[PDB]
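Taking the form deposited in one PDB entry, here's one chain by itself in structure tokens.
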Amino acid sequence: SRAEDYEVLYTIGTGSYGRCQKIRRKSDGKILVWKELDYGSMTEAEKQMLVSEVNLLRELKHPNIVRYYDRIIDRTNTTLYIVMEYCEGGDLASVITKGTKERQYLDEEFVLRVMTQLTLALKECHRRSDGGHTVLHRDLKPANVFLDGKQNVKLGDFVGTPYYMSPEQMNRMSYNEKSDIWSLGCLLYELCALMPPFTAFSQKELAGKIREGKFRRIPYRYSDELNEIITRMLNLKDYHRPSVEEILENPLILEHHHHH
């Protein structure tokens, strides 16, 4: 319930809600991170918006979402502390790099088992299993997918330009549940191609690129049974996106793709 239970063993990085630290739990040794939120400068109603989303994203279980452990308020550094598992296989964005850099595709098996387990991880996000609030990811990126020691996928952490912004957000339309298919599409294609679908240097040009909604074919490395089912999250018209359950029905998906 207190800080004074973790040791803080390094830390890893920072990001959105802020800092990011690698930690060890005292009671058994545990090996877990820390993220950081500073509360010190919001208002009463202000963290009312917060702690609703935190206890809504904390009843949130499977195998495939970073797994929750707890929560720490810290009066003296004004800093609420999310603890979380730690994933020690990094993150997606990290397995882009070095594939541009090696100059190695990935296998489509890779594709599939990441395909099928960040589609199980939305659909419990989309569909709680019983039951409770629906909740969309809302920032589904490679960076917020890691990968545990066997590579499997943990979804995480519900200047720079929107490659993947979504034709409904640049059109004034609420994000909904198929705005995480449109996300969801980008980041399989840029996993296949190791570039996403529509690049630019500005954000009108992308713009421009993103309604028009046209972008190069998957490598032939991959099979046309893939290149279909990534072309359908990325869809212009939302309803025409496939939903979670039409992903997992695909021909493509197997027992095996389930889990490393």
The other form holds:
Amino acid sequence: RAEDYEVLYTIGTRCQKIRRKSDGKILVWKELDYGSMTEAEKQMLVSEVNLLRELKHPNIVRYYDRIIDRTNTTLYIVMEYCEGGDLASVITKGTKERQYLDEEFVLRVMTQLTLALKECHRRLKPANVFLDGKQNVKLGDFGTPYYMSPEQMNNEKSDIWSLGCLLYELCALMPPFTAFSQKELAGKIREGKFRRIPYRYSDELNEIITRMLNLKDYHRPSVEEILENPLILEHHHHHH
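Could you output the structure for the form deposited in another entry, given that the previous block was the form deposited in one PDB entry?
The next block holds one chain only.
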């Protein structure tokens, strides 16, 4: 079945951009080497991939297929290609070009990732968030821990904290809590103090990101409360 696809190139490490021969459809696959995975593990692997095969949602990276080649003892997980790359590169680009992201773009990310989470909760970091060709935002996969919530370090509201951190970093081009060591990082996170996002961003956007970064999980907004915010409009949602 791997022969049904042509590898175009390796995106990163392997994650490869591929083309399906039957119709030219562009995809990616992740090549997993199960050559050392014991018989006991391979069950934990199969169930994991089958639950990854559960989420059909426009803001979640879509799973298409799984391929085994016992030749190289290699499993290929085939999924949607996201042409716009990851948010980390967008943050990098902004930093290097000394240019803050548009509030409209930040609102799109907030809206569509909240909907992804809403779906995940029913059934998080910049390198795991992808853009497609039409501004749409996609959650994938669904060493200093910049986004670790205070309760996790001492819960659906923990995801809200993490979304708060990501949106903050999209606005400020830096995370809300920074430190040279983990113990210092933990100190800062527990104190819950951070600079306002840049002043080009509205008080309203600052307020919701700040609410997501409340020290108390029960004071952070739910996904439903986030989506009720008057900032969030139809054009911020996914569009085919």
